[PDB]
Amino acid sequence: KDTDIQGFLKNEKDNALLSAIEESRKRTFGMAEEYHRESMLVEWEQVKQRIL
Amino acid sequence: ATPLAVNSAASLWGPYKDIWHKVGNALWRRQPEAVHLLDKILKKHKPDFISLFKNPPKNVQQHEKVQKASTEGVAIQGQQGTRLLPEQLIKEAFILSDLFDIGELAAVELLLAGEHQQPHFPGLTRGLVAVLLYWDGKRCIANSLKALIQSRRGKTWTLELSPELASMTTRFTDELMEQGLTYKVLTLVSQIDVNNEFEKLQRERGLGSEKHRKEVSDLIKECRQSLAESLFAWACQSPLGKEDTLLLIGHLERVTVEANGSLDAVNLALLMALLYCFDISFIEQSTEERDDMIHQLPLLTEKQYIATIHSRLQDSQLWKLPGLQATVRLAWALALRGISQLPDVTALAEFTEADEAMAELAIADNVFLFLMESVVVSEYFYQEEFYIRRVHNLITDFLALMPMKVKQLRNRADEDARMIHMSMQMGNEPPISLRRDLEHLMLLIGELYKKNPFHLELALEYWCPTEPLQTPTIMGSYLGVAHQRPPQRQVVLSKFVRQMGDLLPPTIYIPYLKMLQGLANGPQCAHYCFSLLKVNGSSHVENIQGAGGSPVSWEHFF
Amino acid sequence: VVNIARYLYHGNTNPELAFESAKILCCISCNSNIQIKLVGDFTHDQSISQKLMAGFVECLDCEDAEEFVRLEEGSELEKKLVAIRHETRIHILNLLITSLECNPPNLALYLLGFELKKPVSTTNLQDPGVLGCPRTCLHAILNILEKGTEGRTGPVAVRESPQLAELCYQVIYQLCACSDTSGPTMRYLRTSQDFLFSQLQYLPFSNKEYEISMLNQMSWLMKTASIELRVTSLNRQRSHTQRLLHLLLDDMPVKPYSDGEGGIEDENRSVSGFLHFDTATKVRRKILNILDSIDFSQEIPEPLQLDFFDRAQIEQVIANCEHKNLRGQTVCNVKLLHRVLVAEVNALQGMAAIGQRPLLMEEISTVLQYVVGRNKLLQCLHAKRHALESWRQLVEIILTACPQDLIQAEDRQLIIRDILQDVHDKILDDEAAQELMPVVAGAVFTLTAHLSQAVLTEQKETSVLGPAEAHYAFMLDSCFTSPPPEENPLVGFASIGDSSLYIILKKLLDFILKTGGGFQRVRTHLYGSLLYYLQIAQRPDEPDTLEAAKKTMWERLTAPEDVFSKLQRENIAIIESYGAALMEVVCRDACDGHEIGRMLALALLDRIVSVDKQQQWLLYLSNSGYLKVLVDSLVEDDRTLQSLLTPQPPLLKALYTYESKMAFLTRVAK
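Those protein sequence lines, which keep their order, are chains G, E and X.
357 is the number of the first residue of the first sequence in my numbering; add one for each residue after it.
588 is the number of the first residue of the second sequence in my numbering; add one for each residue after it.
1109 is the number of the first residue of the third sequence in my numbering; add one for each residue after it.
Here chain G stands alone, though its shape is the one from the complex:
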């Protein structure tokens, strides 16, 4: 309810705890694709001079 304060000041804290975990996880997992891509591009950024 809406005069109900303790249901609200519970739920937005369970939401805030999940949100603090969520950007840690999803920023680290996006940083997994980007780390393979930069590593692929940096070993390629060795190979073309081994070639040239």
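Because the hints were derived from the structure by calculation, they are not lab data.
All clues given are correct.
The calculated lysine-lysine pairs, modelled on DSS-like cross-linking and capped at a C-alpha distance of 27 Å, are:
1. E:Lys-641 <-> E:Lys-678
2. X:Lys-1187 <-> E:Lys-609
3. E:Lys-798 <-> X:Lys-1131
4. E:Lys-907 <-> E:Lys-808
Following the hints, position chains E and X against chain G.
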């Protein structure tokens, strides 16, 4: 910052409760911030106390504005502008104006208070509530007056009030007594009657429900009572003046009992005020404040006080109640009996040589019967302690200071008992003109100490320890008070209880058992009475033919 | 029952009949089944109903105070009659309190003046006499708290009847927390009495006798003020929201109306003070001054010592007496405990027991006094915690429900930075009661989240001013005096470098260490707080522009450091300064802790291994073996994750903990 301070003598309730609550916080709650308000409130409302319960008067220059209040309007304190008043409130204001003899703006400001307070009295009207507020406003003045008198310095109590507060209250209320306070109070207490005010209120329909009739009936009694008690609370702390005591006598001349035989709480308080104007017993008690307690007595400094009061009490004019005149005659005879035992007081001998004669008049007017049936039988006699203390003194000082009258009363009782015995041996009724002086005194003692609403064991003056109590259960002191001798008052009184047991005739027997019943009231009182009834039996050993043990003993009874 | 209730119409003339009447009616009002019928029999006859309403009000508006029961000068009979009248008020307030949590229609909604011939939420409450409105128990409960609201001393009942004031504030809380009373009540309390402003100005309340009751009075007044900040904000009633915010938040000394011509004397106070002109006297905010009056320490009564009774049995006889009172609180029934211990001091047939009986009653007296101490302790630990919960509720509505255009991006941050530092020290002190820690960490979490959210608006709305147009704006307002030096206008953003933010980091790590391993719900809030704090130190996502990719390796090494790169260095150096103790506390709770404990401690290790440039935490994680406990456990996670592939999975928790374990491993592996 002007003008607005002009209406502020018309509202007949709000300013009076504003005084009463702040007198309550400054006195009974001792609150220090309220002292710096009380000084200013007493300086403001001194005119109101100088003319107790007096209305603001009617005025054509209010009457116009109330009749025009539907078109020109009225300005009211706390409100910005003029309020237009309905024809109803205008006509209600003229009804309250002629019902109470109040000014037309005061009837409006009282109806505006009655309109604001109406929701607290569900089922009444602002007019029926204005009838409450007009008597509660008077009650707030009367209770403030009583509390401002109880907070004087004086000879009977000290409410811990600061030496400044206790001199502010004293001085401010001396500055009301200057003004003939006793005359104003006795005028109000003899003009205010519930029946006359209910006749006014029933005609013009100012009586509501059965609760409202109870409320108005009691607010009018509180207005009589706190006024009469203002003279009692004065007289106990500081005695009334010469003409004031003659006005108080001049009122008591004219009293009548209620339909049961007792005084009302109001004329009881006025009797007790006159009795405290005649107390001197503290001069057998105080040693170091003593001489300033003596200068504070018209009974010692005004030879004129005694000369006028003694004259009006030796007077052959009977009062409406001869037993009330008898009670005041006994108190005056005992006041003279205290004064005749103070050393240098030779200057009053021409009045004190009458002490046993003023006592014979009090006995002849039948004082002890009126003290029983018109004073001690009242439920209001057992609602105040200083009433009980004063009727204790009025009997103990008769027994201690007039033991030659006590002997005259026994010489009579042991002969009117012989008249009753001889009539019954002749087969004839006892003659109606025999006098019950000692029977009435012993029944009065038996009906007095019979209740003790403040636990005081005052009957202990009628006892005296023959054996030491050995209660081992209090361990809190080291002051070895070596063997104090019992006081002469107690040594005469505890002798009187024993010597009215000497050879009891059958007429005094039941009065003596009742005298012992009243004096057996309290834990020690009962133990000393048990010990008397034991000692009265423990003498008849071996002599089982000489029938003559005490008929007031345990062994005779069982 | 109606003729029992008619004795209340005689409360001034027979208080001993009105007392037992109110008390019988309080016992019967406990029955929720009977409430609906009492409303019938009490309103079917309006002539009786007007006497019933009058009798309940007549007992409440009576003026007699708790003082006259203590003054030794008074008559036994007067002391008794004042105590009877005061119990008569208390049983009327208890009758109302129990009736208000019974479903409508109930006896309290009648006695308080609600329109029980409509839906309750459509009630048009008004002042007594207005349109012919009767005086009701609501206008009496207000009158009890209204007396003294002009005074420099505050409300009269808070001093002269503190138990009456506690119950009066509870009825006003129930009338504002229930949905269908709240609309009528939260209108009326503002339209006619301004009641929440005229009372909150007198916080905190203060007497050393009635601490428990004053903490409960303040608890209920903070819980009504809470609802009005939310209600005014949702209804966009800006001026009333803002006026209640100022009364709680300003660093300003609220001056009473200072009319003229009064002052002097008090030149008595100790001349030695004339050299301690202490400019440390900051005007601390009203909401902090209420946190000051909530004590966090606690008196623990000394452990019972006994010569005759076994304490290992007495502690069980005490536990068998620890029932729940009408406030839900566990308390020992002293009258049952006394009956039981006296029964054994009757059952001891012995020569010897009947010589020892005085000493057995004397040791019963010390046991009963210790149990009265235990009952004070439990009620004080309740009241401190209930007040801290009410204060926390008020703070969190100011943060979650009040508009951002009523507390600005710098003052909102200062208020949270100061509240965090004050809320920390009262739990970092070692006398501080552990029962408060679940409320304190539960507040520090919402505070650190709102500090992080405020910086996470400030960063983005400052990210608008291009350094090319300001040079024209400065060229008009031609005032003419004394020039300043060449100082640079970059002020508010420098506050991301405070000592306050480094103090808040330490105090949070100190409280993470101090919270013992049973306090797992306290630690999940504190690990959440440290994640939100480490989001203040978060660089945002920058755009992969074909122009940012032109910035050379020289520009990427000769630019000044941005404040987030600085703040990351100084925060990791603070985290390093706790070393192996903080490393054990986080790594162990990541392996072994609660479902949510492991989940958050793994996200905290992911965030720490995102800033550790020395590999100290990685070298701890490997040489402790915790980096293998967080790997061998994948073969035990799996069995739970298999169950989460069912169509209706029982609890997604184990997935969310696996995703943070795998995030931590996918941080370490870089």
